[PDB]
Amino acid sequence: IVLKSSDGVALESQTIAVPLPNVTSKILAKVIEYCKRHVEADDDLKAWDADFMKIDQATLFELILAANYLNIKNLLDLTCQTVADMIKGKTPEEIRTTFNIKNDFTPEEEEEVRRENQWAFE
Amino acid sequence: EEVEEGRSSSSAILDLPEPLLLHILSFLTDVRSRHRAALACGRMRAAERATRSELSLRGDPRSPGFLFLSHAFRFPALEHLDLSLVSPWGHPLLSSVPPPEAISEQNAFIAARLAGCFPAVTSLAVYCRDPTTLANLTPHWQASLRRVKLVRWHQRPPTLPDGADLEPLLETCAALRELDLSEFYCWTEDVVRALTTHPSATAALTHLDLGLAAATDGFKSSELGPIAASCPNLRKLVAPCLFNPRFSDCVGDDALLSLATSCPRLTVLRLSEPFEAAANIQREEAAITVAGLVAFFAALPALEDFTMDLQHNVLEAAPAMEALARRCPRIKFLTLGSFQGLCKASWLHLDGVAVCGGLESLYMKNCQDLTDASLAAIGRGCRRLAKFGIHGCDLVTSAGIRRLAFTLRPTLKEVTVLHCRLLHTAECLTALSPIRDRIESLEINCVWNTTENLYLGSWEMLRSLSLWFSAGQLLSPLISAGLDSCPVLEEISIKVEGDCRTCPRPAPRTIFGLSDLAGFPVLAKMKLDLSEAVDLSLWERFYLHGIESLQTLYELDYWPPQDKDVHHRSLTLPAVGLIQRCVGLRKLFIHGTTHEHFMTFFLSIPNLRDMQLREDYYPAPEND
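Chains as they are written, first to last, in the authors' numbering: chain A, 6 to 13, 22 to 30, 42 to 65, 80 to 160; chain B, 5 to 103, 125 to 480, 516 to 594, 606 to 695.
Be careful, since some hints might not be right.
[As the list claims (entries may be wrong)] What follows is a set of in silico ranges between Cβ atoms, one per label pair, in the way DEER data are often shown:
no. : chain 1 : residue 1 : chain 2 : residue 2 : range
1   : B       : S545      : A       : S49       : 42 to 52 Å
2   : B       : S13       : A       : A23       : 33 to 43 Å
3   : B       : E693      : A       : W86       : 53 to 63 Å
4   : A       : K111      : B       : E126      : 30 to 40 Å
5   : B       : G382      : A       : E147      : 55 to 65 Å
6   : A       : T136      : B       : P102      : 50 to 60 Å
7   : A       : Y107      : B       : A254      : 26 to 36 Å
8   : B       : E693      : A       : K111      : 46 to 56 Å
9   : B       : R47       : A       : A23       : 40 to 50 Å
10  : A       : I29       : B       : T623      : 27 to 37 Å
11  : A       : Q156      : B       : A137      : 15 to 25 Å
12  : B       : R290      : A       : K111      : 38 to 48 Å
13  : A       : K111      : B       : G382      : 28 to 38 Å
Think of the hints as simulated: they come from the structure by calculation, not from any bench.
In this text, a Cβ means the ideal position worked out from N, Cα and C, and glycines have one as well.
Bound-form chain B, shown alone:
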C-alpha cells in the first residue's frame, strides 16, 4: 500500500512563505555557509542578503571593484559592520589628510556607497587613524549608530588636541550608547578631555572600554574621577588603572568609592593593573583595603561581572568577598588578581569566596594563601561553578584540583591552571579525571617530568585547548602526559614566553613538536603566539617545523617573534616556506609582516581565501 515516492518537482523549503525562509537563514551564522546558501538559488540569495546580521568588509572599498557593484548587493537588516579589516591594513580610511577637493568628494562617494549596502548600521567598527575618518563616515549612520568600536594600533598624531579623537562621535552620533576603545590607542588625557566636555552625548553612555591597546600605565584617580562623574548611566566599564601606591595619583579606597557612587547602575566592572616585569611588584601592598572594598561593594547592588586583576596585593580579603555575596546578590562572574586571604576555611562553614553561592565563573590570580582547604570549601558553597581557574597559586595541589573536579562534576566545564607551583602538566591532567569526559576548555602551562613520558581515557567534550610554554621547551611530551586522545578538539592556542638569549639553542634537528598534533582528528583552528619569545630563522624553524603534517588545519593565526631593535615583525624565509606547505588552510592571519608577496601563499595553498598582515601591536610600523 505505502509506495515509495519518486522524483518530485516541488521543493519544501522554497514552498515555505518567504518570511519563513528569511527566518531560517537568520540562524545560519557560518559566513561561508551563508555564501554557499546564496549560490543555491535566487530565492535563497534574497534570503541571505536580507537576514545577514553582521559583516566584516573584506577588500578595499576605495577600489572600483566595490564602488561599481550592483544594488542586489544590499544588506537591509545588517546591524554590525566591521570596517576595521578593510585593506590595506591600518591605512586611514576616508581620511581628509593628504598623503585637495578631489579627496573630499571621493570620501563622500565611498561613504554613500557603503551606506547603500549597509543602510541600518547600529554597531560600527573602523580603523580610526585620525578623527576625520569618523567625520566622513558617521553622517549616514549618525541617527542610529548605537555602538562604535575604534581600532588604532598606530601612533597618535602629535598635533591633535586633547579629546579630538572622540569629538566627531560625541558631536554627531546622538544615538551613541557603547564606546569601545580597547584597541584604540590614545593618551589618557584624550579620554578625560572629550568625555568631560560633552555632557550631552556622555550622559547617555552605558558601555565604556578604556583599554587603549594596553599602551598606558593605567588611568589615575584624577582621571577616573571626572570620567565616572560625567557618565552616571554606565552599566559596563572596562579600564586599566594605576594602582601603584608609590604614585600619589593611584586608584585606592577613595577612588573606588567615588567610582561606585558616580556610577551606581554598574553591572560589569573590570579594572586591571598594567603588568610590567621590570618593577616586579609581586608582594607589594596596594592602596586598596578590605575595609574599603566592603563600602565599595555596598554601592554596586546591580554588580554581576566584577574583575579586579591587580599586581599589588590586597590582604585579608575574606570579609570583602563575604560582603560581595550580601550586597551584590547577582554576582556570577568573579576574576580577582593578587587578592590574599580569599578563603581561610579554618572554622569550616564557607568563609571568603565560598559564601558567594551564585558564582558561575571564578578566576584567581596570585593568591598565596589559597590552599587545598580553600578549594574544598569553594566546592561546597559555589555549587553553580561552570568556569574555574587559578593562576600563580603556589599552595594548591593536585588533590585540591581533583577533589574540586569530582565535587563539581555536573557544572564544571572549563578549567584554567596556569603557573601553579605544585601542579605540573602530567600530574594536573590526571587530577581532572572526574571531568575528563565533560571538560570543554582547558588552559594549562606545560611542565614536563622527565620519567613518565617518552624521552587513560578520551577527552570526549574537550573542544578548546590553550597551552603556555617557554622558549626552547617542547610540546611533544603533551601526548605522553594525558592528552593522547581528544576527538572533538577543534581549536588550540599556543603561547611562548621567556627570553631567547638565555635558553640554550636546542640541538639542531630538534623541533617544538607541532607535527605531534596530527593525531587530533578535527583540530581546525590554531593560534601560535611566539611574539614574546625573545638565528631568528633558526627559532622559527624550531616552532613551525611539522605544521604541514596537520591535515585538518583550517584557520591559522601566527605571531612572529618581536625584534631586539626593530619595529617590524618580519617572517624569515623558512617561516614562509613551512606555512606555504599548509595546503589545508582556508584563512591565514600573520600578526606581523613578510618580505614575500601575499600571492605566494595563495598559489601554494589552493583553497586559501582570507589573508591579511594584521600588525595589531601598539607600535605599528606605519607603512606609508
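Chain A on its own, in the form it takes in the complex:
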C-alpha cells in the first residue's frame, strides 16, 4: 500500500497503524512477502514459513530487527524460533562457531555455570 522504504497488506505491522527509515529495501521485500502470504482466510501455510526462512544468517538477523521495529508479532516469533533451533543440540563451542561468539568466561565462571546446570533434569 505505497510503502516507501529507506534506500529509495500494509497493516500487519502495528507500527503502521509512509517513511520507514530503519528497514532497507531488501529486508522490506521479505517483510512484505511474509504478510502477503499470511493474509489468507494448515501444512502448506506452515511449510512456506520454512521455505521463507531458508535465508542466510545475515539476512535473518536483519529480518529479526525489522520485525521488532515494525510490530509484526507473527514474524518476530517465526524468525526467533529459527535462531532457537539453531542453538538446539549444539555444543557450547558449536554455538560460538555458528554465531561468531567469543568465550568471555573465566575458567571458574564456566565451572560455576556447569555446577549450576547439575540442578535441573534434562
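For this one, chain A is given, so just place chain B on it according to the hints.
This is chain B only, laid out in the frame that chain A set:
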C-alpha cells in the same frame, strides 16, 4: 565486485538488543540445549536464566551443594517448578515430623533458598508425604501459586484426619485454581472432607484431577455429589468413579445430571471406572442409560473434551452421541469405553457418532457392535478426525481400517488398534497403507501369523510407536510384519501383560528381540514396561538381551516385573549388566530398585547424567 568477507569481530546475535536475546532463548525448550547455550558466553547465560519457563530440580536441596550457591543462579521468570524428583526419591521434603527446633529453622532456610532461585512460582509440583511439606513450602509462593500438583506413591499416614492432606493449600494459597491429585494417593474421604469444608478456596477451583494414583475403586455418588456442588467453577474434572450397579452408591443417571448441574461451565470431563480383572465385568450393564445421557449432555454446552471409559456397558448409545453433537457443538475429543450401539449406519446418513462432525480425536473401548459399516459412516461425518482409535472391538476388519485410512488421508495422523479380534499385526499394518507416509503415531497389539514372517514402503513420518505384547511373545516378527523401515522413528513404548507361571518358559538361548530394533536409525527413547508380566533373572534376560545393540538409545525408562509376595521391584544381576552395556544412554530411569550402587551405571555409561529409582507404584517400599 562482490568480495567474500573474512574474519569479523562482531557477533550478530550478541549485537541484538538484549530483550531480543531473551526472546530468542525463550523458544529453546530443550533443557540440554539451554544448559549448553548458557556456556557459550556470559550474555547468553544471563539470557538463559532470565527466560527459562520451567525446571525440575535435580539433586538434593538439603545438601550444602544447593544452599551455598551464587545468586547468579536465579530464574526470575520461572513459572513451573517441579520439586517431585528431588533426591532421595519419595522422601518427605521439608517435613516437620522427626525421623526438634533445629529442623524448624533448617526447613525455613531451604525454603528461603528455593524461593531465591524461583521467586515467581505459579505452578508447583512436589512429593507430599505429609501435609507439613506444604506448610513449610507455600509461604513464599502462597500469593501466586495458581496450580499445585501433589505426588505420593506412599502409604497415607494413618493418624491424619480427613482432609488434612489438602488443608495447607486451601488455607494459605488464595491464588489456587488447579489442583492435580492424579498421582497423589489419599482416601476418597480425604478429598470430600477438605473440598467441602473450605468454601472460600474451593469456590475458585477450575481444574481438578482426582486420580489418586489409581488406588481407589472410584468416587461414589455420595462423594462426587458434594465435591461438584462445592466447586461451581470447574472447567476441567478428571476422576475415577464407582459405576458398578451392584453398589447402591454407584454413579448412574442421577449422579451424572447432578454433576452437570453443579458444574455447568465444564469443558473437560474425564470419568473412568477402575479396572479389576477379578470381577471380569465384560457385558454387565451399567447404571447409566442413553435417556439419561441426553439430559446430561444437554447441561454441558461448553463441553469440548469428554471421556467416559467404562467397564460396565452402556446400551443403545446412538441417540446420546447424536445429542452430544447438537447440545455440545464444541465437542472435539471423545473417548468412550464399553459404549454399545455407537453407530448403526443402517439407513446410511450418519447416525450415532458420525453425526458429531467436529470430532478431532475419537477413541472407542469395548464396542461389540461397531462394524465395518460404522467405520465407513464414521469416515463420512468425521472429516476432521486427526486421532482415531478402537480398543476391544471384535467386529472391525482390515477392510474397515483400510477404508477409513484412505477416506481420511488428509487429517488422520495417529491410530490406535488394540486387542481387536479380526485385526492381527501383519494384516493391520497393511491396512494402514493409505497413510503409511503420513501416520505419525501408532499403537498396536502384536499378534503373529506363523507363515509370512521369517520363522512395502517406508513409514516416513512415524515418530512414535507403542507396542503391547504378552509374556513369552517375541518382538522379532515385527520387522517381517511391515515395520521394516521407519526412518524418523525416535521413540518406542513396549508393554507386556499376561501371567508368567502359565506361559511355557521359552527355550533358553532365545530372546524377546530388542536387538532387532537396531535397524531403526534415530530410535532414541524407549519405554520398556514389564511390570505386569507376572527364574525372574531368566525372564529379564529374555526381555533385555540385545538392548546394547541399540546404538542411538538415548533415554530409557525400565519397569521391572512385580513380585508374587514382595513389595520391592528389584533388578536381578543380569538385568543390571545388560543395561550397564548401553553406552549411548544419557538418561536412565528404573521404575523399581536395585541392589547395585547407582554409580556403577555412571561408570559403565560415560555420557550418563540423569539417573533415579522412581518407585511410582502405589505401595512404595518406604526406604526409611
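Hint check results:
1. Restraint check, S545 (chain B) to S49 (chain A): a C-beta distance of roughly 48 Å satisfies the suggested window 42 to 52 Å.
2. Between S13 (chain B) and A23 (chain A), the C-beta spacing of about 37 Å keeps the proposed range 33 to 43 Å intact.
3. With their beta carbons about 57 Å apart, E693 (chain B) and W86 (chain A) fall inside the hinted range of 53 to 63 Å.
4. A hinted range of 30 to 40 Å is violated for the C-beta pair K111 (chain A) and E126 (chain B), which are about 54 Å apart.
5. As the Cβ distance of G382 (chain B) to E147 (chain A) is approximately 59 Å, the hint placing it in 55 to 65 Å holds.
6. Separation of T136 (chain A) from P102 (chain B) is about 54 Å and conforms to the stated range, judged on CB atoms against 50 to 60 Å.
7. Under the hint 26 to 36 Å, the C-beta atoms of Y107 (chain A) and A254 (chain B), about 54 Å apart, miss the expected range.
8. Under the hint 46 to 56 Å, the C-beta atoms of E693 (chain B) and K111 (chain A), about 52 Å apart, fit the expected range.
9. Take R47 (chain B) and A23 (chain A): their Cβ atoms lie about 35 Å apart, and the range 40 to 50 Å is violated.
10. A beta carbon spacing of about 49 Å between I29 (chain A) and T623 (chain B) contradicts the range 27 to 37 Å that was offered as a hint.
11. With their beta carbons about 21 Å apart, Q156 (chain A) and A137 (chain B) fall inside the hinted range of 15 to 25 Å.
12. Taking the beta carbon of each, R290 (chain B) and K111 (chain A) are about 30 Å apart, not inside 38 to 48 Å as hinted.
13. For the pair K111 (chain A) and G382 (chain B), the beta carbons lie near 32 Å from each other, so the given range of 28 to 38 Å is met.
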